[PDB]
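One chain comes next, on its own, written as structure tokens: the form deposited in one PDB entry.
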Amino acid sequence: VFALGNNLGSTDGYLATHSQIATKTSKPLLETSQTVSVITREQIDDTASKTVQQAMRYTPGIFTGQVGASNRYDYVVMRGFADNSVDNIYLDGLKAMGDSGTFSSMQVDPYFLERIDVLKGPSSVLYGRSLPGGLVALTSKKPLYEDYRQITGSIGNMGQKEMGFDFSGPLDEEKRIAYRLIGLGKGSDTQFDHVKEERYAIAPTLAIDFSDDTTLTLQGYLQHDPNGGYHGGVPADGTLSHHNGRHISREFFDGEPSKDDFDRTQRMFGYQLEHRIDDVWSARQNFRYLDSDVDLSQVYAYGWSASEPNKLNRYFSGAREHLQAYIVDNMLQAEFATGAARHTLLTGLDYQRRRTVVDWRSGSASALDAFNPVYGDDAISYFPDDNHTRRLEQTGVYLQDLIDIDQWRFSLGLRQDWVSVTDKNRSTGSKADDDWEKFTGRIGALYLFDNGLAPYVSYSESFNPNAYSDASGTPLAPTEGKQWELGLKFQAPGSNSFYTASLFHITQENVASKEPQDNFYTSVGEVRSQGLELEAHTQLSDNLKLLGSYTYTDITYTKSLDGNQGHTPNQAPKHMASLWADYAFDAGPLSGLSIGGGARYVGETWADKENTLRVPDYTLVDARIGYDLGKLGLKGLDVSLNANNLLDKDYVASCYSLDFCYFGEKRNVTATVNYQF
């Protein structure tokens, strides 16, 4: 049992029944007055999703192409909110604790995950600092109480290789103590020349039941990325149009080898303490400590040469970053009735503390020819170094009541945050400080008809520290999100099908804004995003599965001083849609055989804020083939073949600006062997 901080429920194929992402306590999706999606392990495997970001490509209201084919960082753009998207990720109920002002953003490998939950819209009432589009919660694999061993091996195009193991089971005869150990070695060249991706990782977990009332789970996670793939972009000039010839830049071009490093080491440890005091009272403590090192050397293009026509100007970023982060969450929950109302009453206290020590380097590099490049001119003319020590502290006190009365399901939430942010410039000695407090609230109401139909309304709020400063150096007031949401959910009792529609209106306040010829940013900007998301999980035939999604997003700068008032942010398609299907045969000569595939539509988008050039829309096809060799007398050994972007479309996924456009991933072919015993 133990609802507190756990999803529970069941999962079948691609469909989960319950989640805790919106409640911090197990609640059926059908009875939750928020838009929640769950991506199961199976879905992650079936679509051959290599990253958390790619796992999200069949979920509505999420755009997955912020830096195109890059896999260095997880960019999950929700309801159109691309800024600070890298900070959307929670792991096991706790913020990842990276610093989106630095290069020190963490990445969790999907191999270690049981599920991915997605919460749309402002959600600070239970989490604190966060973005107005929503948040993502990763649930790691946990120790199983029966023996489970799996070895996995994979090989594909682009020099893709991966090997992993996954071992779990009990350690005593009474099954009160259990362990899990997951390992991973993997690598890939990219579609990009002179680029490499490489990762090694291990995660030990240990669960100990003390009594019927207490479980303690201890977790470690150690990950080393000696190479971080590609994190570059090139001008719209030679990608969305020709440049100086029919010359268009290849989907394979680079910056400078011999000065191309990205080394990221992540060391996490934590525990989850679950104690039931009563059938009424339960308590939980989630704790995670993170220590990471990032080392970066990157020469990159910035515009065309004014001198040499088919050459790009290049610049250099270098970084040595050490991040230390503590997060704890303390929860107390009472479940009780007051006459005809059932209350699930949660009070909590959470604490985040982060310290980032950064040494930044910058300079100018040699110009490079975009078509037919000559490498080896790696001399840099360095600019003044920039060294900082960044600190962030957040203390939150929150209270929630989930009230069930008759068919009504109500949600009431209140939270108070104290945030302290420091920036010491170690090059100049100057120190910026800022302390403030924010209240946030949420009210939700849902009606559960006994046919499985649930309409609902929700009001929700968020805040996030402002990335920009008055430029007098103090940070600006934190941004604020406010959402009204109307939704409809449907599950047919008994059916493994689930349908939802979500209508949303989000306002983001205090966004930084300035006149183009102004020095000082000011916090008077405003962004509004409204739209509709439709999502369907359909089961038929006992062996045909289906996923469908449609998204409409109207996001606008409703208030700006920069001359882009009324405009639509770049990287925000008005329309997206997807569909996936998987057919298995369980009887006949084709037994143990699986076939699946799907398609993904991303509407046209703006290349630039100033809305002067469009990035073409695109439709991509994914396919898979699998076979359980168990049917041939090889028990627990099965084989998969995957292909994403099957038609191998060469396209620009998105652009950060007219100077930085990103190529989508080329065809990815993958073949995997899994062995249980």
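Shifts are known only where both forms have a C-alpha. The term rigid core refers to the most C-alpha atoms you can superpose between the two forms while keeping them within 1.5 Å. Positions refer to the first chain, counted from 1. First, how it differs from the form deposited in another entry.
- Here the two forms are overlaid on the core, and between the two forms the C-alpha of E251 is the only one among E251, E197, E321, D166 to shift by 2 Å or more.
- Relative to the superposed core, just one shifted segment between the two forms, defined as three or more consecutive residues with every Cα moved by 2 Å or more, spans 246 to 254.
Instead of the form deposited in one PDB entry shown above, give the structure for the form deposited in another entry, please.
Below you will find a single chain and nothing else.
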């Protein structure tokens, strides 16, 4: 029922059957001509992820470690495209609406979600401004039409506090009206010294059934991060090498406790409206408005001091940003048939308007003795202020037809966009003002075999506004992703196991490169990613579940005046592989017990785009044990005990630069308890 803007599959533990992220209507994973991965609530829960970015540790084509063990932002690197990777999250069908050009990027706390879909490659024909990596859609919890009431509390190493509830049920006699109220306060320290994480989040949801054929859902999300944990980055020289014989803490705080602040207040409001006209015509409208306050004040290590032996330079950055943004998507779907062809035709109009105000401050601070340092001097030789107002408008009209004929399943997509990005410098009084029309197209064919085997070709296209200056101080013409993808999807009919293989080849044009001392960017640049993703979910018995993934990424600068042509980028492991298992007990003394575990393997990261040194291929173990002490005879009460990186390793995640390497997260430990009623 409905299926326009709805997934409507069946999840069985770690595997789902349908997804619309590649479709904007429920189409089963096995018939869709794109690379989709679903991360279930159970996957997130069992695997003890604290972050959207953490959830996808076990997913092929995804690099989790762009900024290492810092839970401030969600850096998801899809197929080795890391430039812009914060701008990749879609919430309940609509863009997150952050500013990857300021500090105002959002975090959706997994507790509020129940499902993560992930699409790969150029995904713009339905979504618009997007990356050639792909994108990630968070389907949050919706109202349940019968009482579900649960409370949690997790304690962990690193002084981790979590406590949350999730209440839902019908308010109505006729049960046409249902609600949901999620909420969670959440503390933590981090491995890092003098950093504290906080979050306080609530989420009311009200779902109404007016007719049999019409349903309006009302959405609200308030989230307060009074502290942002850690976000610094320390040099290659004392991490990858020894720096004069010693080489930095796994807890090293490059900042200043005196002057350490991160304050993000996320206030969202929206609705999803669904109306069925005919058994042919259904139309949906999704809207969201966002309002976010970000206050930063960080002092950070930028490379070694010439004049002091074992101390780093420290520079200040400070922000007060208020962002306003609203996005709407209006769709119109005809399910109809014409001779043997089942036409599933969508036309769509989406509009998003964003406006950021930014007050940026910066300067010099004291240097810091990198091994066993002393804190206390916190004056700043400020630089000039830099205050902007950034606007962005985006109007999108798109049209899509899924043709079912015999065993063939065809996807056609066409989209027009009209973008307008503005950057008024309030300090200078100078405003850059650029407008763009670009046209994207997708085309995807797949034969479904009666045995449940399905090859598919697919060609798709991406676009996104450049983040650079036209050596005239103007936004450059936007970057363009093109993809050939070939793949093989398979599921025997009486199995609960699913197999994906993807061959991809993605070129991305007009990416900002220049002559090195010369500092005036030109847009003739090109990046080329190709490879093969292998993803496997398998049931053996009712208690056994498995995940296995393999990823080969050949990413190159096909053009760069940087001097880096033929240079493969940093933060892009050529190979990657992961595995996860979970065993429960049917009957006997161990019934209600679930032991689980797996491992992740990352390949070699380059520290720099000139490719001067690689980063140790690191390889981590995650484990857990859970007793549903409901088998004792306390029904609805259950405990989990999880631990990540069981070998408590001190590795670096990756490096942006040689001056900037990010530490891998240490052994995280959970113990958590749940009652339901």
